[PDB]
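Shown here is a partial selection of chains from the complex, left in place.
First chain written, first letter: the chains are A, B and C, and each begins at residue 1.
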Amino acid sequence: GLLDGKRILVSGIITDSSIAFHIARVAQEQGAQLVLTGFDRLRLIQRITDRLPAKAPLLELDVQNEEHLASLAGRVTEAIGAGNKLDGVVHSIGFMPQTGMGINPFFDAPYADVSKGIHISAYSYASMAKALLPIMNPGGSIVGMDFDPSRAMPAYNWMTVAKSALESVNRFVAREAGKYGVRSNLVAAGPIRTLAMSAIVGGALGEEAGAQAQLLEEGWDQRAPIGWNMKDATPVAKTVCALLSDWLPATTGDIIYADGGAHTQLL
Amino acid sequence: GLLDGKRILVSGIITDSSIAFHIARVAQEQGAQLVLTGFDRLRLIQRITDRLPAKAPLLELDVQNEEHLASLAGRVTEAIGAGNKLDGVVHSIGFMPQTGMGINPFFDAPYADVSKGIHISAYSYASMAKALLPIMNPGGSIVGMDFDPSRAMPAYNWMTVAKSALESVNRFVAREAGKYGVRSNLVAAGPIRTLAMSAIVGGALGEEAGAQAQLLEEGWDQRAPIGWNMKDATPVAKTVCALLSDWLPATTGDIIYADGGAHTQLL
Amino acid sequence: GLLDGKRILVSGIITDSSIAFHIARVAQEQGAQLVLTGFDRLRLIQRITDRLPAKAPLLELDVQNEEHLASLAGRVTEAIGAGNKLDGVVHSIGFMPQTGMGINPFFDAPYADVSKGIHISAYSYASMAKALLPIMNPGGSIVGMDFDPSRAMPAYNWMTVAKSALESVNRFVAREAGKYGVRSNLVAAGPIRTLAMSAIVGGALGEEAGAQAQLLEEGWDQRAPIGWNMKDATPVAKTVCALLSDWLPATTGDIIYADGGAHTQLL
């Protein structure tokens, strides 16, 4: 068990194709004992999570809610037992209003929409860290989910900006987490067929956006020297468990590419 | 005259040590005809700008004001004469509440403060572009001011995150500006003794912050293979005029380092 | 005249579609007085260079020849007049044996071939600098030609490795050049139809290589937010003259992308 006896908080499960769901599953297969957080649709999330290899408390967390944040650590400690701490935290959370994405002009997204997106997608990495570092063990790991924003691309639009912000935040979180002996890192994943991605591909953000997204997926597996299967989230779950383990002890404020190697290849 | 007969909008002048002020001065020395925008203290800015080599209309612009943005192009066209367009736009604007900077813990900046910062420092590059592209000429140039955020550093804190966002925005603005034959780029400057920098160094953000800022300035001139004078903004003004000229016609969505070469050297 | 009264050494002219040829032409249009160097086919190069806007001495230079290097500065000073120095140096030189490129397996290039390539394409930037810095003026500029090697690509193969080396060398040359008040930088160009590129596209390195090169050119203009014309070397000549001018005084050990903005865009 890569994660034997480690205690890990996992956020961002919404369906059974969530990257968070596969992160959780793999971790439990590797002996981790889990605590889960969900946003808003808790009966759905309970129902979905009942299918994991093992039982795990589910805690409500709206990342934009001050009270949820303020009460989070107490709730976790309650769930894992007093005198016990977390060895790992997983941030698999994101959101951007439609106006900030797809065939909707870049220039036409109101700041209030862009602000909400950055709030949930970037700022919350800092917020969760703030709430949870006090109840983490030395040797601990924090992991967030990333999509390489170092270049502009069609349709991703303002989410790219949110990911750029996130990478920056991750480096500062690394500075804070360090005072606790805790690592902080991001996993940069290739495209995966999830609820959030289904939106885009299915034309809910405009048909041309859906088309560019599809071309994206296809170019990816082409570039990837080992290929890329956008229906299989396991390779990125396995990568996230690696960061949660003891086997990358000298890495922090850093980005790990679980993308088939695509970003290293121009063509 | 590098900028003979070009029409250039310059924002961000607040004192006579503003990077924007030296940008404006150099440009006029190079034959540009200017239009200026200022935030809030317009009598001060008029008074300051009266010292430029030549007269130039001053227009009010609060980057967070919808009406200012909406009316901006009409006001400019009024100032430069109907049937005339802009050949250049300079964004030299930034702001971050104290909570997001210095010895104030990273984790203690409220999102409302961080949001305001990103609004003025990143989002506004898109906002200005949106308002001004319609009245720009093909061959035109947009330039923003940057401070290399690719690594975390003490004290800069949330402004770094804002700069990360800005670089991302710049790449998307490049996509829009391209439809007009207009370039968009950022200048990444070394440390310059300005009002905004005086804050930091002078301990208004905490003494330890002031001390780290001073160490920063010093390491900079050390690393720079040609050195760095933090009292002299001319080298970065000259660099911004280069981008505004016809001599970098094949560059866009890109970052130019006016930093003495510091970022290319580890030690 | 951007380059009025500046004295500039330009290497790498072989035909009239050489990037070096267009660099030279633009510079002379901008008032520079030139000295030229050529490799091996000097009658051809004389004949080609007779078509520049103005007369300019031609000096022999095999970059792998110790004597040429050793005698270079004496020959230049002879050409520009004693007591006169160089304000600029242009490195537009490259070579890689066929074994290191195209459909010829990466693994099948003998080190002796790869060594020759790196010698001429990377190491020589240091060699020229060494020979010429002693006869340069403060305020001076050295410029090399680059093709962004930060990612792997088909066919470019070992030349990519040579370009990676070159970028590294450029940063160290910046350290040396700095002791003289001289800048050193690279221009990263998009694809241009030259003799060296004609090889590749024309199938002399294998048909599949020719095909990947053609796809490359096409994706480029697609990605470029302002487009890209691979038949027009002027935009990169103009960019090289900018670096040779006084208008980027705070840039060194750095890379400037004259690539239409392509590298900033994923899709």
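One rule holds for everything that comes next: contacts are C-beta pairs under 8 Å (C-beta built on N, C-alpha and C of every residue); 3 or more make two chains touch, one makes a residue touch a chain.
Student: How many subunits, all of the same sequence, make up the entire complex in this structure file, 3 of them being shown?
Tutor: Every protein chain is the same sequence, and there are 4 of them overall.
Here, only the chains that are shown with their structure count from here on.
Student: Give the rotation angle, in degrees and rounded to the nearest 5, that superposes the C-alpha atoms of chain A onto those of its identical copy chain C.
Tutor: That rotation is 180 degrees, given to the nearest 5.
Student: Between chain B and chain C, two touching copies, which fits better, same or different residues at the interface, with half of the numbers shared as the threshold?
Tutor: Same: when the shared numbers are divided by all numbers used, the fraction is over half.
Student: I'd like the Å distance between the centres of chain B and chain C, where a centre is the mean of that chain's Cα atoms.
Tutor: 32
Student: Counting only Cα atoms for the centres, state how far chain A is from chain C in Å.
Tutor: About 44 Å separates the centre of chain A from that of chain C.
Student: Name the residues of chain C that each touch 2 or more other chains.
Tutor: Residues 263-265 of chain C touch two or more partner chains.
Student: Which part of chain B faces chain A closely enough to touch in the complex?
Tutor: 105-107, 111, 114-115, 118-119, 122-123, 126-127, 129-130, 149, 151-152, 157, 160-161, 163-165, 167-169, 171-176, 253
Student: With touch defined as at the start, can you tell me which chain A residues reach chain C in the complex?
Tutor: Touching chain C: residues 151-154, 212, 215-216, 219, 263-267 of chain A.
Student: Which of the residues in chain B end up touching chain C in this complex?
Tutor: 2, 171, 174-175, 177-178, 181, 183-184, 190, 224-228, 235-236, 238-239, 241-242, 245-254, 256-261, 263-265
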